[PDB]
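Participant: Single-letter residue listing:
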Amino acid sequence: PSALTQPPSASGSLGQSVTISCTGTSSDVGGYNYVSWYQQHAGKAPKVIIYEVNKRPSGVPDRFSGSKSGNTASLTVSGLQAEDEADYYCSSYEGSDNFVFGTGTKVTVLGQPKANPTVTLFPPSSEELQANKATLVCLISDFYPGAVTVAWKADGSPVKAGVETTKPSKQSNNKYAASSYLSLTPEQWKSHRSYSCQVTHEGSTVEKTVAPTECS
Amino acid sequence: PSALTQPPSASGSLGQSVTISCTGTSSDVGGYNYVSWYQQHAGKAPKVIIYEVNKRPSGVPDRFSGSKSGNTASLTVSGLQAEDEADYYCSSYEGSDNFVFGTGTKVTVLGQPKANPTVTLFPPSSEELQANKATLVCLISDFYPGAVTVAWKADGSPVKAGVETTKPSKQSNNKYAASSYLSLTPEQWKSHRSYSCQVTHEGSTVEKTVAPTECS
Amino acid sequence: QXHX
Numbered sequence: 001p002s003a004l005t006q007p008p009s010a011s012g013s014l015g016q017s018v019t020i021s022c023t024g025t026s027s028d029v030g031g032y033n034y035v036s037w038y039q040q041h042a043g044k045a046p047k048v049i050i051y052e053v054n055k056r057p058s059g060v061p062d063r064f065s066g067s068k069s070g071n072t073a074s075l076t077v078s079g080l081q082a083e084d085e086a087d088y089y090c091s092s093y094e095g096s097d098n099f100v101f102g103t104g105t106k107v108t109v110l111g112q113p114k115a116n117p118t119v120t121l122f123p124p125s126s127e128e129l130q131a132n133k134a135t136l137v138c139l140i141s142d143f144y145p146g147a148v149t150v151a152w153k154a155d156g157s158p159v160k161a162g163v164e165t166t167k168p169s170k171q172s173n174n175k176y177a178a179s180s181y182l183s184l185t186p187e188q189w190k191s192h193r194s195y196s197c198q199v200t201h202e203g204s205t206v207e208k209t210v211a212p213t214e215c216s
Numbered sequence: 217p218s219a220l221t222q223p224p225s226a227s228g229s230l231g232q233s234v235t236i237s238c239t240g241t242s243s244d245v246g247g248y249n250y251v252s253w254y255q256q257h258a259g260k261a262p263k264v265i266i267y268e269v270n271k272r273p274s275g276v277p278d279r280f281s282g283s284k285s286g287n288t289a290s291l292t293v294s295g296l297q298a299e300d301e302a303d304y305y306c307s308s309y310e311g312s313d314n315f316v317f318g319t320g321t322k323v324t325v326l327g328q329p330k331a332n333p334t335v336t337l338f339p340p341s342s343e344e345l346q347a348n349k350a351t352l353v354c355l356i357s358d359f360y361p362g363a364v365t366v367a368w369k370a371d372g373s374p375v376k377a378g379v380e381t382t383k384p385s386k387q388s389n390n391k392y393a394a395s396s397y398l399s400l401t402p403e404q405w406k407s408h409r410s411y412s413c414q415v416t417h418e419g420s421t422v423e424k425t426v427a428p429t430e431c432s
Numbered sequence: 433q434x435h436x
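Residue numbers (the numbering used here), protein chains in the order written: chain A, 1 to 216; chain B, 217 to 432; chain C, 433 to 436.
With the rest of the complex left out, here is chain A:
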């Protein structure tokens, strides 16, 4: 039949408001008061923000308001934090114990400050080496936005081969989290002095060097 109409957006700004209408029909959003609103951050599990058009779980953000106007219903997200950058969904009872969901709205929160990456470079630890492999890891983290390049260096002459960068997941903030790795056999590991990892983000480059001299 139909799947509730929702717009792919709600671009608010830090503090500023945003309200998300979701248009239903007679058959559902018309003749029943069973509208739920979900707050799904990318690939995660969905949570019950609004549960009966307006009314939230005792464990939801103080001002995440909602309503119904006849065939269209809404969510007054008014306390613009950024935690909530996500995909939101509506859902209405209709026929016999049947529930239909929305298209999805993709809320986006603007004028977030530029976060610039914390680069931490890792050397193979003993256990790894006991087995006679030696991988290295460049954890690129806590940044905004999420377009970054990670350039490994053998030493000068770039070791960008055997590399496996694995790009950026928003983390418990809405600040990113990328990784990249080098497979080294301990031989090459004990070959050529220093290695690098150079995370270039929005112009600001960061290069971290590990050398074989530590305490394992």
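No lab work stands behind these hints: they were computed from the structure. Cβ coordinates follow ideal geometry from the N, Cα and C atoms, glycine included. Just so you know, not all the hints are guaranteed correct.
Claimed, not checked - Just some of the chain A residues that point at chain B, by a computed CB distance under 7 Å:
#1 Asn-54
#2 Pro-57
#3 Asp-62
#4 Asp-97
#5 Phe-99
#6 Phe-101
#7 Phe-122
#8 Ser-126
#9 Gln-130
#10 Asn-132
#11 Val-137
#12 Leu-139
#13 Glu-164
#14 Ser-169
#15 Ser-179
Unchecked claim - The calculated BS3-like cross-link candidates involving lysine-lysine, where the alpha carbons are at most 25 Å apart (straight line), are:
#16 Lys-349(B) / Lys-167(A)
#17 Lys-114(A) / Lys-383(B)
#18 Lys-114(A) / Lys-349(B)
#19 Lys-170(A) / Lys-383(B)
#20 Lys-260(B) / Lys-47(A)
#21 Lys-190(A) / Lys-160(A)
#22 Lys-170(A) / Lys-369(B)
#23 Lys-349(B) / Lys-424(B)
#24 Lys-376(B) / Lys-330(B)
#25 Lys-190(A) / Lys-44(A)
#26 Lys-349(B) / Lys-106(A)
#27 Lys-260(B) / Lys-44(A)
#28 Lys-369(B) / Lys-175(A)
#29 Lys-160(A) / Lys-383(B)
Guided by the hints, dock chains B and C onto chain A, whose structure is given.
Facilitator: Okay, now just chains B and C, sitting in the frame of chain A:
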């Protein structure tokens, strides 16, 4: 919350029938029928394929099933077909003001051989500590299907409270790669006996454990 | 959803 756990990756083939489990934390379960299965596609809405334990709503083919014994609600795709590929969540009504989901499965149809992780844990670098900074990273490498569950522990006590996980990416070997971490301070690092990164990937569960045998 |  996630007070109902699901197999991170659940998979078969065109023909392989696939059972997912939503196991309950709930000292409630049994005093319920209300387990509900929500299938999901890639940038599609959750789609409520099973209601209160047994009953499919219209257009949910009779070969999606629901069963629940003790704590574990269960669902069976009773003859996997291609676009059964999807993230399957489980709801439980719990009371009101509290409507909680499982963490989502992932029905993969295998078109590649299965690949159990290569969980390579790393310990806080010396120079890294040389700044008063202690971060552990648990590079999960080389899995298929691309879904995994990382836990972090210390001294027989789970540490839910310091971690980030990324989201499995496709490496040039069509094998997936994740990261994950526990960023802290030399105090919490130092004051402890062990630090196990645990990782689970359908069936196989591998725990790698580091120790605070630090230098300076 | 739960409703009912």
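Participant: Broken hints, numbered, in rising order?
Facilitator: 1, 3, 8, 9, 10, 24, 25 and 26
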